[PDB]
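Presented below, as structure tokens, is a lone chain in the form deposited in one PDB entry.
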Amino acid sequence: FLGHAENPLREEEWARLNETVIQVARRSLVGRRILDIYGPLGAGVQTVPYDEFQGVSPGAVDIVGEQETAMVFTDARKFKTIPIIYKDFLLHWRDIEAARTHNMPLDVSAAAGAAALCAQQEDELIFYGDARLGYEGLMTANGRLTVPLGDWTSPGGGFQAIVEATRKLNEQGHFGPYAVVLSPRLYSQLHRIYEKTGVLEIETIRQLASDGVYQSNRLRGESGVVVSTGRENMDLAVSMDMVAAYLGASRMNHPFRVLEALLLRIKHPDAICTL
């Protein structure tokens, strides 16, 4: 459980600390803007149903329904575990005493530092799996339908590359409101001089992808992805949301810790493309 008893800070400092962590998180995240979340289940949940795999079954229309339109899965369900992410947070024992009878404001810079590191860990998890827990991620799924790019420092080669990627998405019979996430050097080089056919390439790419091109430092140097943002293709599961809890009563100070439990579910590994 959290603190809120036998703890140093009083209510106002709690509110300020929580506001700081929320604000820096909300600025930092570039993954939770592309995947709608499965609502807050609760603290105790540790497993979520992970729907198995894919099909290309189309709905049918007739005069009287006998097509039987079977949304069918017969293998298993293979639930998965909900991990935890955190980072340490320590202040001092003297500074609070100052904030009792001294310069009143209490600096909480460590909160911004810790929450920023935690959110970077988020976006590293969603964009990449890890061997130890054997999870999955956008650039590390299986059957991603990739396509080379290799044509930049060009007027607009990235445009034809993303068009090829979208066409490959369409050939698999999967399309909709697209979205794009890209790496630093690419996101700048594409933000370059207009394509001699209008304006900066970003505007063309946004009128194409139609759900915003976004930036992520945590992604590798020279890769990028496109998805079909619609639910039932990707999802995000939350047990509890980013919050800060008192940890313990170490040597004399008061270290805290920030928590959140997340998991992405790539239900349909057909909404992917990479290098």
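Residue numbers count along the first chain shown, from 1. In this text, rigid core is short for the largest set of C-alphas that superpose within 1.5 Å between two forms. First, how it differs from the form deposited in another entry.
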Contents of the next structure:
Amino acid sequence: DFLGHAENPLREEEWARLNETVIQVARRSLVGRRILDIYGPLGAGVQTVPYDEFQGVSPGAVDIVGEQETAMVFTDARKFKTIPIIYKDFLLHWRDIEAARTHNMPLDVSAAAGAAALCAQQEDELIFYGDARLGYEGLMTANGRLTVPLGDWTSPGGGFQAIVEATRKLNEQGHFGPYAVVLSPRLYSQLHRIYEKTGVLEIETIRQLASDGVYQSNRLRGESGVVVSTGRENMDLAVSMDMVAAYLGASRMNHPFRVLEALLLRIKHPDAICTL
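For comparison with the form deposited in one PDB entry, would you give the structure of this protein in the form deposited in another entry?
Since only the chain itself is given, any partners or molecules it might have are not part of what comes next.
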């Protein structure tokens, strides 16, 4: 019982409820997975993934006899990068578990939801701004990033001008694709104005421009945003382990857990990103 260092203090139903709470909170609060493809669950043992980095676009060939060399040069010391662990710990009191077994019954997993939300915010912080001490580049910090100025979004139409300048600069690097826009909550809120006066709310015009979506991230600092050309060849998310709760063993008769995932953002084409 609670006296004793028992592994698995939770029943199977409580484990299922804990896990599905983690999944729902993560699906509610992850913006990076909306705009990025997943390379796929590699398994938790995969700790390192290839980091292929392409510097220019090499287009396809059209000819009668296909004798044109049309591959990327694939030279200069193909990099690998370590998949980090993104995690947050939460705590269950043992008397709540003992209450769940005898006295007032439903085991509250709100600390699991809070830790899942913080692990999701850490994943989005890793996707957008990277990690300096582990040497990870985010979307907002990638070296070679095609940045446009962010000019005067307090008037309606400034957002449309910024996004068409961003997509024009992305067009110049051969990234013509369906765009995604992620903005800070200030910039996203300023797009929700019907005072565009050529129509309708400005975010509808941006949503026609992007076509993969316009998003808030509260990880985006200040007035800032990013337009990406989506697709697996430009960037993806190497997820070796999707988000899961793990028991840590009892510490002070209480039960700590870790909501964790293991994923890395792979920016293959840094010129497919344009910020502000």
